[PDB]
Amino acid sequence: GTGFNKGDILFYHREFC
Amino acid sequence: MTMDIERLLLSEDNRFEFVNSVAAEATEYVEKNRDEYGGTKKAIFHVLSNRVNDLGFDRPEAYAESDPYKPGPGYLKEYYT
Amino acid sequence: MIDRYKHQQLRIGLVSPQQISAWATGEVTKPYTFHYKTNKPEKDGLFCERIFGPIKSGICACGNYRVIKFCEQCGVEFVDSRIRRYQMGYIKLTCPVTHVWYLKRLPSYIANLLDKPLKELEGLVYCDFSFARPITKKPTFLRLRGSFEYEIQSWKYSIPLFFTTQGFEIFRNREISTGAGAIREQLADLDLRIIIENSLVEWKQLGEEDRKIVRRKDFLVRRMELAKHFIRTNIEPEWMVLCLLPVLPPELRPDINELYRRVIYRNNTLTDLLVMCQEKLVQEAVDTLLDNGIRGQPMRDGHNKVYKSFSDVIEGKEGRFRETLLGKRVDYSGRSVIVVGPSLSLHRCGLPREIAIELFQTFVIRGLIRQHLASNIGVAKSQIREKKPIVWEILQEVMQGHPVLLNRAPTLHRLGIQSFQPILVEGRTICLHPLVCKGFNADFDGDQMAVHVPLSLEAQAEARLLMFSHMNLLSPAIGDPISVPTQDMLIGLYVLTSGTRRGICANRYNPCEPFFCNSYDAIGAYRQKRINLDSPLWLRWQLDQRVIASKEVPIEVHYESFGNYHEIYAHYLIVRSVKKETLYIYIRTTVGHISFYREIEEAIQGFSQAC
Amino acid sequence: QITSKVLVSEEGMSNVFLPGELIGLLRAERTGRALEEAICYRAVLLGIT
Amino acid sequence: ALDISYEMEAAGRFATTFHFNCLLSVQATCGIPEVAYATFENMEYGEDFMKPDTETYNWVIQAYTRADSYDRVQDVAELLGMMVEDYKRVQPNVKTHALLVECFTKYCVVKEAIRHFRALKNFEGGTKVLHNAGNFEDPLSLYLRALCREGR
Amino acid sequence: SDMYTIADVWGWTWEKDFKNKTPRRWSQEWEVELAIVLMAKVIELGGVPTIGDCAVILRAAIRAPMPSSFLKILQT
Amino acid sequence: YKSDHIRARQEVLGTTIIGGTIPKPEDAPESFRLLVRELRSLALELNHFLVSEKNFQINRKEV
RNA sequence: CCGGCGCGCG
Ligand SMILES: [Mg+2]
Numbered sequence: 001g002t003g004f005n006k007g008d009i010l011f012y013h014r015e016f017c
Numbered sequence: 001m002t003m004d005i006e007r008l009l010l011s012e013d014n015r016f017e018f019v020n021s022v023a024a025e026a027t028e029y030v031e032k033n034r035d036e037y038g039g040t041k042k043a044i045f046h047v048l049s050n051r052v053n054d055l056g057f058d059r060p061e062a063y064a065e066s067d068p069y070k071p072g073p074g075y076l077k078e079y080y081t
Numbered sequence: 001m002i003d004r005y006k007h008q009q010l011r012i013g014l015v016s017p018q019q020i021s022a023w024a025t026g027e028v029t030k031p032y033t034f035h036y037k038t039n040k041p042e043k044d045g046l047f048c049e050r051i052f053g054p055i056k057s058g059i060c061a062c063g064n065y066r067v068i069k070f071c072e073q074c075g076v077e078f079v080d081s082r083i084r085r086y087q088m089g090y091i092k093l094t095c096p097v098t099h100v101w102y103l104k105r106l107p108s109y110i111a112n113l114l115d116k117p118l119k120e121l122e123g124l125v126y127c128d129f130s131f132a133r134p135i136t137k138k139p140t141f142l143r144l145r146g147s148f149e150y151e152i153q154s155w156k157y158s159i160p161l162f163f164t165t166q167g168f169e170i171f172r173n174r175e176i177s178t179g180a181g182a183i184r185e186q187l188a189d190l191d192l193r194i195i196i197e198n199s200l201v202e203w204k205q206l207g208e209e210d211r212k213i214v215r216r217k218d219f220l221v222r223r224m225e226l227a228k229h230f231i232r233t234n235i236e237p238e239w240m241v242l243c244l245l246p247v248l249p250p251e252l253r254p255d256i257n258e259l260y261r262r263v264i265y266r267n268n269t270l271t272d273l274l275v276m277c278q279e280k281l282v283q284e285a286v287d288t289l290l291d292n293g294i295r296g297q298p299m300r301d302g303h304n305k306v307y308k309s310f311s312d313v314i315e316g317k318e319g320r321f322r323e324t325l326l327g328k329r330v331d332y333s334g335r336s337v338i339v340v341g342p343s344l345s346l347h348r349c350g351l352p353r354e355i356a357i358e359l360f361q362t363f364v365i366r367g368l369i370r371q372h373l374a375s376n377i378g379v380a381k382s383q384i385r386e387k388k389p390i391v392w393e394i395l396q397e398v399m400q401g402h403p404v405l406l407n408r409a410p411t412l413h414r415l416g417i418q419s420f421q422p423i424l425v426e427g428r429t430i431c432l433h434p435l436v437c438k439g440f441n442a443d444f445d446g447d448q449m450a451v452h453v454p455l456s457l458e459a460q461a462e463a464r465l466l467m468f469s470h471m472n473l474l475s476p477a478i479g480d481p482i483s484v485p486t487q488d489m490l491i492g493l494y495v496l497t498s499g500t501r502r503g504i505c506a507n508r509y510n511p512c513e514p515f516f517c518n519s520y521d522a523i524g525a526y527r528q529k530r531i532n533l534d535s536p537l538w539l540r541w542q543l544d545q546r547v548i549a550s551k552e553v554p555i556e557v558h559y560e561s562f563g564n565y566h567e568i569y570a571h572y573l574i575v576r577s578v579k580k581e582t583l584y585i586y587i588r589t590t591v592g593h594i595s596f597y598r599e600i601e602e603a604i605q606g607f608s609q610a611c
Numbered sequence: 001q002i003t004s005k006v007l008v009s010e011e012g013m014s015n016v017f018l019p020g021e022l023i024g025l026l027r028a029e030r031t032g033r034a035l036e037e038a039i040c041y042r043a044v045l046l047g048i049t
Numbered sequence: 001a002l003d004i005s006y007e008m009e010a011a012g013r014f015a016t017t018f019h020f021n022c023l024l025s026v027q028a029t030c031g032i033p034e035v036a037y038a039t040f041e042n043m044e045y046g047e048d049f050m051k052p053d054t055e056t057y058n059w060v061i062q063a064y065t066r067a068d069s070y071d072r073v074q075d076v077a078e079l080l081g082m083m084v085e086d087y088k089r090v091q092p093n094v095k096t097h098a099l100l101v102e103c104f105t106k107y108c109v110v111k112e113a114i115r116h117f118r119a120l121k122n123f124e125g126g127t128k129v130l131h132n133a134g135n136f137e138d139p140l141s142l143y144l145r146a147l148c149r150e151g152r
Numbered sequence: 001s002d003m004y005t006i007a008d009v010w011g012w013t014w015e016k017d018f019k020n021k022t023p024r025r026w027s028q029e030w031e032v033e034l035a036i037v038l039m040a041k042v043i044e045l046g047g048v049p050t051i052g053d054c055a056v057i058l059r060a061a062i063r064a065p066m067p068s069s070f071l072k073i074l075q076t
Numbered sequence: 001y002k003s004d005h006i007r008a009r010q011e012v013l014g015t016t017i018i019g020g021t022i023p024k025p026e027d028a029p030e031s032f033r034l035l036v037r038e039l040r041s042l043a044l045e046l047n048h049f050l051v052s053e054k055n056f057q058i059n060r061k062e063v
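Residue numbers (our numbering), protein chains in the order written: chain P, 1 to 17; chain L, 1 to 81; chain W, 1 to 611; chain E, 1 to 49; chain S, 1 to 152; chain V, 1 to 76; chain Y, 1 to 63.
Treat the hints loosely; a few may be bogus.
List of simulated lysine-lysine pairs, PhoX-like, C-alpha gap at most 20 Å [claimed, not checked]: (1) W:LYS6 with Y:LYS54; (2) S:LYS51 with V:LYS21; (3) W:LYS40 with W:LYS30; (4) S:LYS111 with V:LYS72; (5) S:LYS95 with V:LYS21; (6) S:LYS106 with W:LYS228; (7) S:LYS128 with S:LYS88; (8) V:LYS41 with S:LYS88; (9) W:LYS212 with W:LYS228; (10) W:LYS43 with W:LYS56; (11) S:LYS88 with S:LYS106; (12) W:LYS92 with W:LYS280; (13) W:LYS6 with P:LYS6; (14) Y:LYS54 with P:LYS6; (15) L:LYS77 with W:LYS387; (16) W:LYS204 with S:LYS111; (17) W:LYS317 with W:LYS328; (18) S:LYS111 with V:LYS16; (19) Y:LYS61 with W:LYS6; (20) S:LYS106 with S:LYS95; (21) Y:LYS61 with P:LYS6; (22) Y:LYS54 with W:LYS138; (23) W:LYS228 with W:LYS217; (24) W:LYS551 with W:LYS579; (25) W:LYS69 with W:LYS56.
Hints listed in this document are in silico derivations from the structure and should not be mistaken for laboratory results.
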């Protein structure tokens with residue numbers, strides 16, 4: 001039954017502007 | 001909901017797998033939002049309604065309905081056996 | 001698809017004295033159970049707190065306490081009292097005693113592996129018989145063979161006097177011995193491969209030559225089969241004679257304690273002597289403890305009642321396997337008398353307030369606390385005990401969508417337990433649908449049912465999607481419908497669909513009815529008492545010919561010269577014409593057939609429209 | 001399950017089967033085609049007990 | 001490997017005899033024949049692309065003949081019969097006969113070992129494969145000893 | 001179509017040459033011949049027979065007279 | 001956990017009052033452990049082993 | 001909170 005078959009770049013690097 | 005349950009099983013090769021998948025989805029529902037279920041909203045009914053709605057067939061959410069004719073708070077309907 | 005492999009196993013094996021020590025390590029030495037006055041566990045006794053673990057978790061035999069390792073004075077551990085259910089002890093037997101299962105049960109394993117008649121081994125273990133030449137891996141100098149029943153006169157006085165005492169006893173247990181010790185020595189020095197080869201060669205000799213010429217062969221096949229299994233496993237044939245006796249944990253024996261006392265009663269007597277009779281008494285104490293009733297007369301107590309051994313408590317219909325393991329009593333279950341409810345839906349049942357509030361108690365507590373109407377669990381339980389009017393609203397709310405399992409007593413097939421949606425009904429009885437009574441084999445003359453609540457989401461999903469009655473309309477035996485109308489409903493349908501009185505039962509004399517546009521007009525006329533349930537009438541039919549009737553030609557055809565002709569059958573009239581393609585149909589029927597057809601049609605159409 | 005076993009005959013002795021051993025029918029026939037080591041057996045009817 | 005095969009079949013690509021043989025190459029040395037036999041049962045009663053080949057039978061036989069405990073001669077005999085019944089689609093190689101000679105030697109089924117050694121002779125290498133470089137108690141030496149002891 | 005053995009589906013054509021044949025009676029001449037052949041083939045493979053091995057084969061030839069084999073066993 | 005699993009009966013009483021999903025027991029109930037001790041009293045050992053399908057490691061279940 | 005004996009219900 002139901003038991004069958006076992007059931008960070010790009011940051012701190014932005015454009016300074 | 002009985003008609004919906006029969007309809008969902010027309011696309012399932014194995015019904016035990018269907019039951020297991022429904023139980024797993026209900027478990028995910030309860031784990032994510034525990035407080036929303038157990039009262040007027042049941043997780044398994046919500047899963048069934050969502051699976052019916054995913055086919056494009058509109059159903060009330062979790063088959064949750066109440067009685068508009070209850071005569072105020074405290075009054076409980078007495079079933080006529 | 002690759003199967004989700006699961007490799008789980010369990011195996012039994014005959015145990016070793018070293019494993020018994022590892023279980024106990026812790027030896028029970030005294031037969032005292034409790035103090036007669038204080039009712040405290042006697043030290044070194046059958047209930048010793050140092051050996052088995054602390055009663056009243058976290059306290060010693062003295063009375064000290066610590067927060068949940070060993071004490072100093074009494075040496076009791078600081079653990080939970082759970083250990084008293086699992087910690088074993090052992091009894092250090094002075095003399096080895098054989099296991100009753102492997103000596104007295106038929107066919108005897110010890111007898112076949114040693115290859116001696118069973119009566120000989122029984123005499124050696126029980127009577128005062130001594131076995132000659134018990135071992136082979138050590139040299140001897142005597143020509144005594146077999147098991148001499150009579151004591152050897154020379155061996156009693158002459159040889160002990162000539163060989164003195166110390167060295168004589170040093171080499172004593174190598175030519176003559178007795179009891180289970182001799183058997184264990186014979187088992188320990190066995191060469192299994194030699195056993196296999198000798199058995200095979202003897203089998204071939206017997207074959208190359210008719211009842212016992214075959215029975216001896218079957219012994220040889222049995223013995224070499226038995227000998228092979230010891231080689232490939234880790235079992236030792238000498239473990240069939242016990243050197244230590246494991247002791248059941250006290251919490252599993254809060255009769256058995258009496259048998260444990262006798263082993264200590266007779267083993268501690270034997271060690272005081274260190275005599276043959278007391279060795280046998282220890283052996284019989286172990287046999288009664290392990291398996292009573294195999295030795296002919298089973299040992300009784302003072303009340304002339306047979307003792308109950310471990311074999312008795314593990315075997316039989318009331319034993320551990322067939323009573324404790326294959327069936328269990330469960331929580332969240334109820335029971336009451338069942339009454340019929342004809343207004344119920346096919347997927348619904350009625351639960352009494354008391355059974356429902358007991359079964360769903362934790363869910364009612366959660367409902368109370370969740371909407372801030374209860375401060376804690378204790379306050380919620382107190383509110384539930386007081387039968388406050390708001391407890392029932394929460395119960396009715398939490399019972400929605402949570403199925404229950406009903407079950408009648410003689411569950412003969414799988415439809416003996418089914419799942420329903422519970423609703424709150426007044427009274428103290430379970431309301432049951434009438435169409436599910438045949439599956440339960442239930443009638444309302446005193447029958448009762450048990451109710452069970454699935455707790456986890458998986459169990460609720462299983463109950464809702466596999467066990468509900470609307471998906472179990474067919475019986476697995478042959479595939480016939482199980483929820484078919486019976487008795488009163490069948491009589492009602494039979495009366496409804498029993499048509500007009502016909503022939504001589506309708507008219508007194510040989511005959512040498514209203515026409516309705518639609519079935520609603522006929523039913524309305526029936527409501528206004530214009531017609532009876534079985535009075536004939538003609539109904540205009542505007543569908544295809546779909547009336548079951550005998551395949552017969554018209555009784556009479558009325559052909560008009562203008563072209564129209566009327567074909568008159570037994571149950572309908574058909575008007576046709578040659579000029580036109582018109583075709584009118586009138587069905588001769590009653591209000592009952594119309595009502596049955598309309599009932600089924602409206603059921604189908606309403607179910608379709610509701611979805 | 002009643003008719004799924006065979007009985008190794010009393011004269012068929014080898015290191016694969018022993019006489020009187022209760023073996024499956026499919027196993028007996030598969031070893032029959034693969035070995036000629038006195039694989040001698042006869043069909044036995046077993047009760048449900 | 002098992003996790004990746006499960007994920008591959010979850011993604012929609014079912015395992016074939018190649019992946020099953022790769023898995024069996026490790027299961028055959030675990031000392032527990034039941035793992036390899038479970039994999040073999042998965043293969044045998046499955047689809048056409050999952051059906052066992054000579055390598056699969058070799059892996060399962062090797063798993064059974066080098067078991068830690070209990071007797072496996074009946075299991076190897078039944079596997080040999082199953083492989084024989086599959087002759088239209090599977091045929092043996094040198095490793096099959098080497099494993100069968102080793103098995104029937106260690107269990108003293110000498111005549112079957114002689115038959116399979118006659119079959120093994122026709123392959124180059126042959127007895128060198130059976131020797132196993134001295135490992136697994138040198139099955140070639142055991143075969144020679146078994147031949148000598150019975151006067152064959 | 002269900003009657004086939006491992007020999008006839010794996011191409012064991014040599015199998016029928018070792019079956020349905022009357023076995024050869026043992027004789028001391030045959031035994032000493034096989035002993036000589038086996039000793040030679042074991043020597044060829046790197047296996048050195050012991051002194052006791054040669055003595056046993058020689059005594060077998062003495063039991064049933066075979067002088068024609070004496071000249072070759074002793075030199076080996 | 002409705003009959004005899006002592007540890008899992010107490011967790012079910014807790015989860016259902018908070019509504020936070022019931023997990024599988026995965027351990028043996030007290031009826032099986034009771035049987036093992038009785039079989040130990042007959043000098044018989046009954047062990048439950050789990051063989052991993054990943055690395056074929058044999059794991060001894062606590063019983 | 002353990003077992004026997006007796007009486008019942010479906
Ligand atoms: Mg009744």
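Numbers of the earlier hints that this structure fails to satisfy, in rising order: Numbers 2, 4, 5, 7, 8, 9, 11, 22, 24, in rising order.
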